[PDB]
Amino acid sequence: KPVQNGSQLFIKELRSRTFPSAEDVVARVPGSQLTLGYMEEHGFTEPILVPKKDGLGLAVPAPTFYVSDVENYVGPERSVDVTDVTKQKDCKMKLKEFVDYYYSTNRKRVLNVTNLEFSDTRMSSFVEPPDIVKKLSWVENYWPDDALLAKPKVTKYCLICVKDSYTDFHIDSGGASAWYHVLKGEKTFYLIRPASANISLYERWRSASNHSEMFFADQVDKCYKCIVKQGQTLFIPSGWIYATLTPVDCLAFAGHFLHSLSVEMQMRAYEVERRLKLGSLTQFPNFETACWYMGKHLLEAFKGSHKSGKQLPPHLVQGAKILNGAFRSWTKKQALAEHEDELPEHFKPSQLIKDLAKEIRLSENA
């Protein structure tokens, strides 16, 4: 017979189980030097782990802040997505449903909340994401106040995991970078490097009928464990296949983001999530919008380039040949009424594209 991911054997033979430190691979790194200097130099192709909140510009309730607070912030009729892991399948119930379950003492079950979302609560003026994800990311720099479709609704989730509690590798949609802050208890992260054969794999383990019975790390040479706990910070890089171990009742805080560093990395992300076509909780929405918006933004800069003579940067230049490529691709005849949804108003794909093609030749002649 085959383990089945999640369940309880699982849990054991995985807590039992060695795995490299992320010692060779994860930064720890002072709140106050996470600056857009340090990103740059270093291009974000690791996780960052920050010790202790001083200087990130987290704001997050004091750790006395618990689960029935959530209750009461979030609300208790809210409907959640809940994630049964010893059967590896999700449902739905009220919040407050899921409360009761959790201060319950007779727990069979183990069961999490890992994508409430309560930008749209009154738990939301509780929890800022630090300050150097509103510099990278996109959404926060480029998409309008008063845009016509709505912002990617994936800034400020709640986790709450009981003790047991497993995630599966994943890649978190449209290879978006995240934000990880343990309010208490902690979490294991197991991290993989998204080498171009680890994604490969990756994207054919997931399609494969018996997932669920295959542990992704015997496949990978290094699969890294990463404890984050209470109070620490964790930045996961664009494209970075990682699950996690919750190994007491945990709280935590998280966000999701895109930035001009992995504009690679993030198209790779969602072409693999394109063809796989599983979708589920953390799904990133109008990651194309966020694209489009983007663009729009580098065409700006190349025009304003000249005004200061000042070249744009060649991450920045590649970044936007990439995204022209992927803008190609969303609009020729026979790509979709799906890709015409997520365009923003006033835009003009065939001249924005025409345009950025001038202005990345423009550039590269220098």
Given for the second form:
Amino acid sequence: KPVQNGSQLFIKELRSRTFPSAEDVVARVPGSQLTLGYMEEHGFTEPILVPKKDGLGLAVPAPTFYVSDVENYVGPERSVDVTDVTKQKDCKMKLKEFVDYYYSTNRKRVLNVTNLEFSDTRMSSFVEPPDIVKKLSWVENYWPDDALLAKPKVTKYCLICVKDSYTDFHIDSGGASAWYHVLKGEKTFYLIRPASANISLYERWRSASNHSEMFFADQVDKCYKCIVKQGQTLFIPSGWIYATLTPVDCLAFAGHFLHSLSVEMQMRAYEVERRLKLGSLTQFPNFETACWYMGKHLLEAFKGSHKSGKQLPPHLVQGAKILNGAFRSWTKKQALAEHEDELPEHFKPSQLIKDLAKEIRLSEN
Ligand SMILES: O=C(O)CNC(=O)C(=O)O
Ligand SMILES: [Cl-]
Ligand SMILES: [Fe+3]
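What's the form solved in complex with N-oxalylglycine (OGA) like, now that we've got the form solved without N-oxalylglycine (OGA)?
Time for the whole complex; same chain goes first.
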């Protein structure tokens, strides 16, 4: 009998496996140093661990905040997605019910909540994402507060994982980057770099009928183990393929964002996830819409480069090329139908595309 991912035996095997340490890959950085300058210099191509929250501008409740507290501020009747780790299947249930299980003295099942976005609850005011995320985020910067399309609801997640919880290898939707803060307990990440072959292997693995029977890390050269302890915050870059294991009961907060340093990888991940057709519950809503607003921003910046005679940085110009390629593919008449639903009000795609194309020609010279 083949071992299924998430099963009791798998977890035992996994705990015994040795992995290269995240030491050579994950930078340890003090919160006050994680600046926009730092991101630009290093380019956010590898995860970053911030051992203490000081300097991050991160707002979170004290460690004396419990799952019972989440129930109160979120709402006991609130429906939630619950993952049965051993089956590797998802279901729905009231939060009060999950909480009743969580506090059970003899849990039979291994169940977690890893999709609870609480920006629309009373608990929202208790959590504020790190300053660096707000500075990098496309939605935070370029999506108007008066927009008719609702902003992607991906900014404040509460994760509750019991001991022995496992989340299998995945790339986050939209190739989005993540901040992940452990309030109580600890969370182990197994991190795989999005080198081109690795992404291709991931796509082939995720699309295979027997994928829940195969340990993905067996197929790549390096899978790095990174333990994130209480009070620590991990920043995961675009496109990284990762799984997690929960060694002790864990409560954590996280958010997802897109940014200008990984336009290429963001599109690549999006293309992969579109080919996979997972119809996820964790999909990045209105990813295309965020790209459209980025596109309008770039056109404005280019126009602004003509008033100063100061050219845009090369990564933006390249970002423009990649986005403009997307806009074209999304609006070819053979395509409109499904993609038009994400177009913001008052956008004229064929004009934007032509204006961006011209501006890029001029920038190149
Ligand atoms: O909490 C976990 O173990 C898994 N979390 C996620 O993959 C995430 O927040 O995007
Ligand atoms: Cl964003
Ligand atoms: Fe994830």
